[PDB]
Amino acid sequence: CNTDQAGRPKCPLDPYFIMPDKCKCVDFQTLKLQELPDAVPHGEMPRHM
Amino acid sequence: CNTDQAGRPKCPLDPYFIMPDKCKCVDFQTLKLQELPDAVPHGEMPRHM
Amino acid sequence: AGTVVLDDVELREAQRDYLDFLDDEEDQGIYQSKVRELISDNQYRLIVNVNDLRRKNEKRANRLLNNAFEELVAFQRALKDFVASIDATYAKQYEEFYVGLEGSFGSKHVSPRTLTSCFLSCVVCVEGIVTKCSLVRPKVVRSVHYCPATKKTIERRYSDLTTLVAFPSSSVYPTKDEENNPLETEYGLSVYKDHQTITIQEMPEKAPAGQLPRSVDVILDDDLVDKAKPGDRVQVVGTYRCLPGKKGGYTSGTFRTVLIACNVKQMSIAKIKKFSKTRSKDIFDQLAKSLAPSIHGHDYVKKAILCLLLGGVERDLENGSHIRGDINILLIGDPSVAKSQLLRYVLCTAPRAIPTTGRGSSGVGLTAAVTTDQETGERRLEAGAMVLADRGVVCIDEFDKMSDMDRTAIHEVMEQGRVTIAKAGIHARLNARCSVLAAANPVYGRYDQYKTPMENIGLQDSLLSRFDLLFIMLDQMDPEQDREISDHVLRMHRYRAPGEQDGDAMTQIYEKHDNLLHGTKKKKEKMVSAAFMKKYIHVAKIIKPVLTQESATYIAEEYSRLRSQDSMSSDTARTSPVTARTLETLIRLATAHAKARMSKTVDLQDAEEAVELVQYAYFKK
Amino acid sequence: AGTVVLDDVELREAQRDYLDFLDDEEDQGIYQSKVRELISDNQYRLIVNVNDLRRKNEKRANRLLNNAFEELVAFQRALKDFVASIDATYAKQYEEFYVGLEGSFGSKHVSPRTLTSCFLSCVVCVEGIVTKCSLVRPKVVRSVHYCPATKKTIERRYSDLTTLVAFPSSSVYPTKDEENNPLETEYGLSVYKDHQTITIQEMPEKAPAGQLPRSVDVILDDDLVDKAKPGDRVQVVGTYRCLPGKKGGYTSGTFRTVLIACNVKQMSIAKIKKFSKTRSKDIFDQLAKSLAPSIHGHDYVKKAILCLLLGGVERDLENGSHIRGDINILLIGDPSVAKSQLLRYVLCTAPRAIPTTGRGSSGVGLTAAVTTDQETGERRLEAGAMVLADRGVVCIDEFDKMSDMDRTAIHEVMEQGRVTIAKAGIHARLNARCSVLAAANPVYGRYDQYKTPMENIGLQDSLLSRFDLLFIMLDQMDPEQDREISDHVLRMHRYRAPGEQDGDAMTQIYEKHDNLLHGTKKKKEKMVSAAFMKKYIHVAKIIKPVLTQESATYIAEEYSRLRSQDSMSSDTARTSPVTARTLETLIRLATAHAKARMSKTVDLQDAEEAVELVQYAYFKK
DNA sequence: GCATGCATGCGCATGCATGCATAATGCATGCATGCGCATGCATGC
DNA sequence: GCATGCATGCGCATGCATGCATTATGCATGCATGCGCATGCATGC
Ligand SMILES: Nc1ncnc2c1ncn2[C@@H]1O[C@H](COP(=O)(O)OP(=O)(O)O)[C@@H](O)[C@H]1O
Ligand SMILES: Nc1ncnc2c1ncn2[C@@H]1O[C@H](COP(=O)(O)OP(=O)(O)O)[C@@H](O)[C@H]1O
Ligand SMILES: [Mg+2]
Ligand SMILES: [Mg+2]
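Chains as they are written, first to last, in full-length UniProt numbering: chain A, 197 to 245; chain B, 197 to 245; chain C, 2 to 269, 281 to 518, 542 to 656; chain D, 2 to 269, 281 to 518, 542 to 656.
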């Protein structure tokens, strides 16, 4: 805890909590992509990303 | 802190404070004692306790 | 914490604005009577139209839609103030009251697929179906303890979701005294509130074809615990918030989003008395005639459908015996006689109507099933189509294609109206009182005139006895009848909705006369409006008639006459056998006709109409 | 913290007991008028006799003496309740009121040497002297802040010694808003209370000879800030508690014990009117005669001592000029003429009396001194004997042994009544208005009759002019006078206190007649009781007489007559020179006599008495 | 009616995000008091 | 009056009880889903 406190007693260890109602949020998505069948080498399993 | 707390969050490190109004007290004194002048060896400084 | 706030312009002004909003003294507002109704009914929440608020105060509506929590707190404070004002005694029972929301939200009307982070911390509306529900669980709010060693009682207050973020100092259950004397919990004096969690999915009818569905999770508080069930179509209005994860050092930065419900909705006198008392017989006459202008002729089928809509009377006795009161009909006809149109119209008009074709649903999906819950290992019951349609209508198109086992299963519903279910570990008797419509094609594609109806129908006598009525429809190619049919069809085709420009792409008791939908000749008569028809049908269904002594002997003598005429009917064949169920059918149709005209007792005319229907349906040339 | 208490038998019963204790309706109690006086005087604490409580309710007194804090809390709650009951408006000003204690504590009456851990957490009484004091400092109780960015004001409450143990969560000063907007402290709206610390030592008179002293530390709260000063003898009643050390891991197990004060004490009409109005001259006649039965004869010295007790009148003018009003006397006599007995009696009777012999106190310890405080580096003033005795009496035995410089220092006090002090960094004028008694032996051991008094006294004319009166006492060995002296001395010796068995080891205006202390002949007259004498002396000292025109010319003419008779007095020598101070002395003695008999103006008889005194004292055969 | 197909159904393994448990030592500061110094006061002769 | 004694007084060093400052990593648990198995239902011929 980064507060100047002289004479006062001090904060304990690991005193921080995340406030959810005071945060900025954005959309998030994950996709799975496969190699084109037109370009997959003969006799080889397709790769993913 | 020796309390069983499951589901509850836990106490921080070094959480204990001494309660002064709930203690038993007794009298205390310190004394200084010197060797008897009747038995101090000749030419020697007296010892203390 | 000794920190307090002395002044806050925004909160005080918002509270004042809501105080002026809910006054209803110099205005035509109704909320005062709403509050009085709430006091009368011991309920503790209010529903307020959003559009009304926007009309009265647009800025407050904008702020409430954009910012939810603080404005909702101000609403609740204002409710507490006015409940105290009107009756301070009642406000003592409950800690704080709550606010519901209603009206057209407009842009915020959002599908489960289109909910995004842009709507976070705002009030949103969502339409979906319910898929998962959980058991009701209590939650502690105020705890009370007693110390036998020192004869002292203490109380602790809990507030977890009242504040946005909670700390380890709170939510601690006390067990020991200041001098380590044990404390005894006293569950009677504590306070608990119920809690439930449900899941909502986007309806398959609305989701894009071929794509996986998306769902939202909802928390139901103490009041709204029992308002939802799985497999139900609902609309939920509430806040959309983030979920605080428990304490940790390293965070990935992804929250969980949960919708906290505030409103849950299941989507759905003088005139009646005068009309009934004046018309009597003309009531059912016009109702049969004005059943569906889109369908031509077939007065008997319209009468039978009306009898289904009104129905019989359920009766119970001392010994626990049950007597059926529902009616059942089967229609068989040539193609293009508009059987499916009739089924669709009954689906639209009836309150609880479910369509289930022949092979669309199997025997398991019709009645019910038992499934072993993997989460707990217990056995649970899942209701089928017929159990959901309690005191309702099930429509079965292409009834002939249904398998034998499904019909044997339907026997239990058709005879007694109950379903018995059993598997080792659980057994139950579920209620399934229902009425059935069915349409089946003839076996030869087209109905053969020369052959007797038994060969054409191809159904056993037991199943035929299960049904109350059988009807046969034919497409006779009379030139004048064809002319009438063509006139009617093309009149309906050329019609256009009023108020719509030509060439564009895409309540009074009696309906206003129309030049095309009715015709010039029909000016001497009128048709009944749909809304009044539904209201009258509901009122008639409520009414409970009684059978008279005059008609009982008459009906019994006619039943004996029919069972003797069994030998007299030599020129024509019989569609259905005459069993003991025929007498109950007679009484049921008599009571349905007595329901049609609001009265107190069953008369002879209803018996005569029932007997005419029976004579027409049971024999054919 | 949401923890609350619902029932507590002991606390509720104790509060009820105090409620019944402070009712005073069916009893002769006075506390109601005490509360009304407190409301009138705007004070906010009460003092209650412990013996009274024990008489009314012994169990409550026992519990209060054995357990202090909880019982004191109950007292304060009961005071709040009754102050609200009598006048709820006044109780709004102050948060909580306080209780003082008074009466004979008995066993708990404890010296600073005999305070032990056995009396911890109890209420104790202690008698001591004050040695160290600290500056008054404010302490925050309620804090108020304002945010210019958001135009919102907040308030925080502090409670440190209200609770036994404090935690780091409290006692935190807020400086930033929830969104880091700076806050501006507003000192006007906050609440502060004063705080002081003092130290008390066991009095050297009570401590065992040759042993080091022991001391206690006391904390003075907001009300009792200015009630104590260094060098003062006080009695303190209060709680004896331990001091909580600040947080740490390893503790030695030794607490600090501090006494928290609750009460601090500085240890110390018709009859008067009738007696004065009836007696007039007989007032001072009897007061002079009944000054001290233990001392035989010497009417003039008794009159002079009475004049000191009554004193003159202090006067001030427009230009800021000051005129002295005190009297000063010097007695010179042979050994065993009871000068020291007179000094001791004046010490006992006078309210503010301090004895300071010749070489017992030096010039620095008489007036004042300046010391550099090592703690701060500033300069502080320490008052001497004469500054402490403001408007009081200083007795100087063996006045002849005093050094010259001390007498030059005493000049400033004797002339103007003020002390001027200066050292680089500080300078002050302290008030030292005072009266002096002095007794000095003759230079030759015994007063020589033939030599003039100037040779015997051996003092300069300036110092003699500083004194108002000079008296010479002799031991004449007349057989009848010796017989009278022996009679008086042996009568006093044989006397025994009534109520004490013989052989054992060790208010009416007029005193009851005694066979031995007064004698058979003195039955026709009586002596005045000491208590009434003190009351009358105080009342007379209050009264402010005025000089009349009749006596001013008379006194001036007699002063001129004396200064001319300076040539006429050929048969006798003069003890003291006649200067301008003699006229002021005449007026002062006249005003003192006018004080003796309660009136409004100075008359001729007082002037005549003053002149008789002057004539007797100023010349001798 | 008997022979066959088969959509439903159940129990135990691993993989992966969140969540849970642990836990004295060294260095700094103010109070008490010795030791050298110069001023100044008081006391003799 | 001048020569001497001396109780008071002040500033900077050390010794000793209290008091102050510091501070991520490793291991465990429940949710999702594959793989082998036996029962049972439904569908032909
Ligand atoms: N009596 C009638 N009145 C109006 N339209 C009719 C009538 N009979 C048949 N039709 C028309 O013929 C079509 C029959 O279709 P449908 O109801 O599916 O026949 P079915 O149910 O016998 O297969 C309908 O679109 C309807 O418009
Ligand atoms: N006038 C008197 N009356 C009574 N007692 C006297 C008188 N004069 C002297 N004494 C006695 O003589 C003693 C004188 O002692 P003290 O007062 O010390 O004398 P001084 O003060 O003169 O030295 C006292 O104890 C007192 O009892
Ligand atoms: Mg059809
Ligand atoms: Mg004496």
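Hints listed in this document are in silico derivations from the structure and should not be mistaken for laboratory results. Hints are not guaranteed to be accurate.
What the hints assert, rightly or not - With a straight-line Cα cutoff of 30 Å, these simulated DSS-like cross-link-like pairs (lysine-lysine) come out:
1) B:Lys206 - C:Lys93
2) D:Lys558 - D:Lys314
3) D:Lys81 - C:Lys93
Hint by hint, here is what the structure shows:
1. B:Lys206 - C:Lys93: With a Cα-Cα distance of about 37 Å, the restraint between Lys206 (chain B) and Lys93 (chain C) is violated, given a limit of 30 Å.
2. D:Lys558 - D:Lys314: holds, 22 Å
3. D:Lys81 - C:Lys93: Holds - the C-alpha atoms of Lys93 (chain C) and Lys81 (chain D) are around 29 Å apart, at most 30 Å.
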